[PDB]
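Selected chains from the complex are presented in situ; the others are not included.
Naming follows writing order (A and B), and every chain is counted from residue 1.
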Amino acid sequence: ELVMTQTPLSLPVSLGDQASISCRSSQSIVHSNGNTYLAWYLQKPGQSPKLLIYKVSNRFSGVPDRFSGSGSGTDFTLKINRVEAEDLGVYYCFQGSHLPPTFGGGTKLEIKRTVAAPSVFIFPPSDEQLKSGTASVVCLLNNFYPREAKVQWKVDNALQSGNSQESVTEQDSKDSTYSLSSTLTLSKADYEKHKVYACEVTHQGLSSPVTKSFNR
Amino acid sequence: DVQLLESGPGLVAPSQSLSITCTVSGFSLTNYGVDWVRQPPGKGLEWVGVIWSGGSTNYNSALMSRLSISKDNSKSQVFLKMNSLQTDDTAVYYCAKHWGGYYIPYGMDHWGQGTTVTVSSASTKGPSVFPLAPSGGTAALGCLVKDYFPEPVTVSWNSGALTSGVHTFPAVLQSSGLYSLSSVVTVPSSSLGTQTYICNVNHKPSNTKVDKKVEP
């Protein structure tokens, strides 16, 4: 059985720069009929995979000329010229010359754009939820770059720990930014034992750490 | 117009069997091969198997003792069956149509949406949905979708009418073994008074449909 090896696993590229991805096979994927059945697929966030390239170097209908496939035998390469926001996602190579066919591990294209500070918002538990016996406080960090962001919860000015979870979105296809939500969860009892709930946010696009808060 | 859609049961218990149907439109299973591909959470795409136009099949080495693919050309359906389900088998399962070539496809041109299979002994649960009640000329509002199992939920706004400004976060598994996420949307502050915002949450595995008005 063949092994398809793709590097790098993750590939930070600046808008408008070129991207080069490697895909190697453990043996020749040249068929005895003389063709080499190697395809490249792109899977964008929240999408199913799409066919970019077939037979080493042939563009699938509707695939821009910025994308090109080359190589022979065991060593193949995808090149993307003038990378754009929309090119983001995980690329895979796929060998179909020999049974069983296999995908490579994938290479994740991450876009490097200019710094963007988050817009920060905080939300108190809804009344409904409180009357169900639990309090979710949410902090939202909208459309920022880079992904690295620090979020600290403070309850009556005491820094919290172990009582919250974060979710970050996939990088955005239109402007190459992230959004993050940290949710702080508490029993109603604990929630009502306190007054000021604040979310303190550190990010490279902010001048000092920004805090958003409310009094319960 | 070419379509492929997966139909699955969402939740299967360990040791038991998975049956997925791919229903196909706009081409004939008599003239084209279909592949089955899968993707474990956070992990790479895996070729599972294939069923050739004439009805022959081939399988993945790792799964082939538990796999079987068959079809009904007359009904435009293709079936994947798989016994002795493991935790490992939790994945999004895709069917993809073959395109190009003579006896080996040049690629997979059309894919279904994927259907999500979680392998688990736990029972189905529909979400509780709470409002997130509402920057400079801009307002964030959203919905907290909490305590549901298994993935996925679908979230929309204003029955799909409102598309721009939406961020539906990846889910996070809580210590309770239940999932939680939040969908947010940025709106004009000048609209809050005249426009209503209802978030539409759908959890198929439990057959639950919840519409929550998010008021100021």
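Here, a contact is a pair of C-beta atoms (placed from the backbone, for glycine too) under 8 Å apart; a residue touches a chain by one contact, two chains touch by 3 or more.
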| item | value |
| --- | --- |
| Stoichiometry of the full complex in this file, by chain label | A x2, B x2 |
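Heads up, the rule we're going with is that only the chains that are shown with their structure count from here on.
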| item | value |
| --- | --- |
| Rounded Å distance, subunit A centre to subunit B centre (Cα mean) | 18 |
| Sites on subunit A touched by subunit B in the complex | 1, 31, 35, 37, 39, 41, 43, 48-51, 54-55, 58, 60, 90, 92, 94, 96-97, 99-106, 119, 121, 123-126, 128-129, 132, 136, 138, 140, 142, 165-170, 179, 181, 183, 185 |
| Partner subunit A, residues of subunit B touching it in the complex | 37, 44-47, 58-61, 94, 96, 99-101, 104-109, 111-114, 128, 130-133, 135, 138, 140, 142, 144, 146, 167, 169-172, 174, 180-182, 184, 186 |
